[PDB]
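This document starts with one chain, in the form deposited without this ligand, laid out as structure tokens.
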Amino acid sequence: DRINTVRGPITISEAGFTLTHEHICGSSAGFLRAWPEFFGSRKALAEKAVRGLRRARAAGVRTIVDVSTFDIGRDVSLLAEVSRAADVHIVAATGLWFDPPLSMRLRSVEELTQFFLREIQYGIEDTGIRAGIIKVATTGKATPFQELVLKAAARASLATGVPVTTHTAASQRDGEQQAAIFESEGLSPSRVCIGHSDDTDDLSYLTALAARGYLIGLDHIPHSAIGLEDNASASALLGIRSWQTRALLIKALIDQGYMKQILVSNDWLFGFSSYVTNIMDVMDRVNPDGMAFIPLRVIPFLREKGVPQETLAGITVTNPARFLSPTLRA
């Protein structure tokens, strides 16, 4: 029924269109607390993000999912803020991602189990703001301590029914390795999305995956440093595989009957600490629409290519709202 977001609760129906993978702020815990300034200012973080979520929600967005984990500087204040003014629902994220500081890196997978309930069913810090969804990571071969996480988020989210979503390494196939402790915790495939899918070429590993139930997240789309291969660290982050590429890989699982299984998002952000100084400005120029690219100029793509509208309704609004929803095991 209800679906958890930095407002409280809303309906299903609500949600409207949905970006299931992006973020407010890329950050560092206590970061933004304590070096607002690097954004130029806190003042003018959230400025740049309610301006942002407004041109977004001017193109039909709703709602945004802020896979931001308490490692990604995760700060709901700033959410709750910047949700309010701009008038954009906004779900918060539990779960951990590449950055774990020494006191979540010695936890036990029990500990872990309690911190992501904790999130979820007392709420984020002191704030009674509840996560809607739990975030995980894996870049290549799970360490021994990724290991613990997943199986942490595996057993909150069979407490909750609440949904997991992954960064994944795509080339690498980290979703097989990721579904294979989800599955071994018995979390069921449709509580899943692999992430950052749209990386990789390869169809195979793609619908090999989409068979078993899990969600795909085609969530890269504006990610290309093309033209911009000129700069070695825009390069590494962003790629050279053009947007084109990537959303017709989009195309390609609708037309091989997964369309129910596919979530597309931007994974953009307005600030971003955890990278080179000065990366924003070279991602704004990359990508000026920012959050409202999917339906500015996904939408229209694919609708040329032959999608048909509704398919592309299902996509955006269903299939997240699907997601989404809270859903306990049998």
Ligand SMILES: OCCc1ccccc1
The other form holds:
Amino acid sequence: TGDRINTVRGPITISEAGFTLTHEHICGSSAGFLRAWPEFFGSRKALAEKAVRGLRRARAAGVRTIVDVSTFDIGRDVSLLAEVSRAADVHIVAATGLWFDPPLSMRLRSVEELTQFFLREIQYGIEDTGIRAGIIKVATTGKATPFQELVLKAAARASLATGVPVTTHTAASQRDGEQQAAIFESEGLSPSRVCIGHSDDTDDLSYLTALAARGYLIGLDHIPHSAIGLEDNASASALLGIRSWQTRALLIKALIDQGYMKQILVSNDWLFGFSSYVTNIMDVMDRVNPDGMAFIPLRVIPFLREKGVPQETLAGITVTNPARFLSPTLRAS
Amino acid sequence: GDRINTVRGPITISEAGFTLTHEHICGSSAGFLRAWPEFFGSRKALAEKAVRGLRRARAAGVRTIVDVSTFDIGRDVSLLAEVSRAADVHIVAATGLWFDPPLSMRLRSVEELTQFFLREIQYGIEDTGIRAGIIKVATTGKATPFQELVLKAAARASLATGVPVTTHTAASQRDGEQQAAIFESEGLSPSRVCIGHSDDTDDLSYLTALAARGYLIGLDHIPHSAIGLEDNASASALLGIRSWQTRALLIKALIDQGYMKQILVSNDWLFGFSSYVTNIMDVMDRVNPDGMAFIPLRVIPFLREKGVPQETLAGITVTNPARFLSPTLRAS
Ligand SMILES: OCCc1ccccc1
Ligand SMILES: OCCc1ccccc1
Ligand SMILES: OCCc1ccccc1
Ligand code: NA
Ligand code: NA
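Same protein, different form: I have the form deposited without this ligand, so give me the form deposited with this ligand bound.
Whole complex next, starting from this chain.
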């Protein structure tokens, strides 16, 4: 098990991670977008300042590290991550992998080539910065496309060679997690190296627990996502859902109750800029959840405690689980 | 418009000289080159390859090239500026959107896209101050809803700035007709537009009817041929099975029908190409070792041999590009 986690400011020891949000973003965009059209966000400086305010408030609430799951295709700008991390004094773990908007240069690649690209970002550094990714993000939106199966396979190969974990975006509704697990296992990846994300997007407790029993980490990262009260905004309802934050949060207690407290990872899946959706989605979202990344520690944790979840289980979920997941871990020979 | 914007700054119209109007330093994807430069060996190797090729094209008489790589073709203006300076060849950069826009672009309105194109033309690309001198758009058969928005924004940006629009077409499907209709619906003058990849079709009637309306016809795929590589499906699909002589003859055909002033010729070459199968670059380089120098070293002489006069060849390679590139607003 690795003693250090790579962050945008360099390696940190496992104990330095502390309370960690495992699925967040500084900015949800597209490759090259922030640099070619920063004005879409007011300005690069305005976006950085917003991110610094948010990260400082989240830090005030106890968050010590966030995992920015923005891949190349989410328009991840590591320089921006490094700048905000330093200004707000919050650890930020960067990601490699590919989401669902890969451009042609990526979509035409073989599993072997993609493996090399993920390894480059983890081992040598993203772009020419030397900033090394500490996680691999992948995704499916229903049955995987042929390209998506290749990405999952490359992600598994990169994880097996480096020990860095894999985290995913799923259509929880469709039970994407099972197909994802299938692919990963076909590559020999240990389930403990994988977090099946957006799992609170569904009430299927059956699905969730079956994956947990196999060793997978379950990502309940859309807790504050809700279009309740905005049933009239189609784009918003489509993205956020009509289930309440309490409904989603209750899934955490359910999994704990079923005996899988060690496999749960909680997050907000928040961001400070969002260009890969309708214009104005950021504003809508910020009105929905003004606490932003602080929602987890300020609302969710107290809610669960009020529901009977003990202190130690809450601490285990927010500190222990993320540390074990993030610690680079190679499969035993 | 007395000046054309290049990656090294503005040049007078006369300084453009012999110009290739549809080329690329590298055919890629947004952020690709910076994130995975080893795909091309290294950024340095790519730059060096580009400088060698531009120097050879320059030796053959090329003074300027128009790199029609848009944001989504992975245009890296810093690379363009570096190679332009090292080889001493003017390079005109482009704005616009090709056929691989990411979500952040695909979800935008015509109004939003218009401001993005204007940003690139008027103020500068990224934080470099390098201003685009052309707008590139594309369709591959009937336009998608998004492509119609892109074409409309391109026309709006062209009307406000005077910079021309150039396109990628599925020529055999007559895309230029729909493109022209959309452009015309926005009030853009056909003389501000080049319907590209026109040599991909043998339908002279389609080409002369567009010429007749005032559009520029881009015969920019001259050296593209898979003749001899039938066995290579990817190469075949990309380059076609028509010879370079057959395509070059369309230049003569258009001249013979009276449209010499509406012809733009190029090679549609590149030094790196990641937006297709791996190894396509090597295959292409074997097919056409002359690369960008193909037009001046083989096509011009071929046309001359076929009877095209000196003056017409000079007009097509110098005059036409100058007229097209000179920013021109619609009269009031
Ligand atoms: O507008 C400044 C508000 C702010 C102050 C300090 C840290 C986060 C928020
Ligand atoms: O030892 C049990 C402490 C703990 C509880 C919840 C999740 C991880 C660790
Ligand atoms: O008569 C003008 C000379 C000329 C020839 C071909 C194209 C542009 C100009
Ligand atoms: Na590493
Ligand atoms: Na300009």
